[PDB]
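Residues per chain, in single letters:
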Amino acid sequence: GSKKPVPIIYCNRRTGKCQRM
Amino acid sequence: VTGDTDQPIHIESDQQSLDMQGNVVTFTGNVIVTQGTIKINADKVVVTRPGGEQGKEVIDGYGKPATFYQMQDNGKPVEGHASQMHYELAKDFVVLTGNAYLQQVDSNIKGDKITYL
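Chains as they are written, first to last, in the deposited numbering: chain B, 201 to 221; chain A, 28 to 144.
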């Protein structure tokens with residue numbers, strides 16, 4: 201199997217910020 | 028959208044509780060996991076990460092009926108719902124639990140305890 205992931209980003213509605221893992 | 032899964036997943040939550048090491052990122056308080064045109068709605072999502080590898084954690088969320096809604100880009104609207112939802116970049120298997128009903132364009136996987144062979 202081939203693994204092709206993506207940069208998963210955590211977003212917070214409270215502060216309005218998105219921090220990529 | 029062209030390719031949803033080809034785009035970076037966005038976990039929209041009100042509470043971002045990130046462990047200092049990064050062992051676990053707790054998402055609570057109505058979580059909206061959106062991927063392209065797909066919109067998943069849960070209440071509690073637990074993303075665990077040993078620390079280091081990024082792009083493949085484990086989308087494990089439950090609580091509110093996790094619906095699998097998608098805008099009809101093909102004219103056909105996607106609909107789904109369960110008590111627990113699971114998605115992974117490597118493990119391409121939607122493991123749902125509790126009143127699990129999911130169909131892609133016409134069908135997909137439905138039951139309650141979604142288990143494979």
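Any given hint might turn out to be false.
Claimed, not checked - Only pairs whose alpha carbons sit at most 27 Å apart, straight line, appear in this in silico DSSO-like list of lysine-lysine:
id, chain 1, residue 1, chain 2, residue 2
1, A, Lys-71, A, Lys-83
2, A, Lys-140, B, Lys-217
3, B, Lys-203, A, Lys-91
What the hints assert, rightly or not - Covered by chain B, per the in silico footprint, the following chain A stretches (three or more residues, Cβ under 8 Å):
id, segment
4, 29 to 40
5, 98 to 110
Stated by the list, open to error - Pulled a few chain A residues facing chain B out of the computed Cβ check, cut under 7 Å:
id, residue
6, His-113
7, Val-121
8, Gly-125
No lab work stands behind these hints: they were computed from the structure. Note that the Cβ used here is the ideal one computed from N, Cα and C, for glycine as well.
Against the structure, the hints:
For the hint linking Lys-71 of chain A to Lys-83 of chain A, the alpha-carbon distance of about 19 Å falls within 27 Å, and the restraint holds. The hinted pair formed by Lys-140 of chain A and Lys-217 of chain B fails the criterion: a straight-line CA distance of about 35 Å is larger than 27 Å. Taking the CA atoms of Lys-203 of chain B and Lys-91 of chain A, the gap is near 30 Å; set against the 27 Å cutoff, the hint is violated. Counting residues of the segment 29 to 40 of chain A whose CB lies closer than 8 Å to any CB of chain B gives 9, so the stated coverage by that chain holds, three being the minimum.
Figure legend: the segment 98 to 110 of chain A, annotated as covered by chain B; annotation inconsistent (0 residues with Cβ-Cβ distances under 8 Å, at least 3 required). Given hint, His-113 of chain A at the interface with chain B, is violated; its Cβ is 14 Å from that chain's nearest Cβ, farther than 7 Å. The closest approach between the C-beta of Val-121 of chain A and any C-beta of chain B is roughly 16 Å, which is over the 7 Å cut-off, so the hint fails. With a least beta-carbon distance of about 25 Å to chain B, the hint placing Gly-125 of chain A at the interface is violated under the 7 Å criterion.
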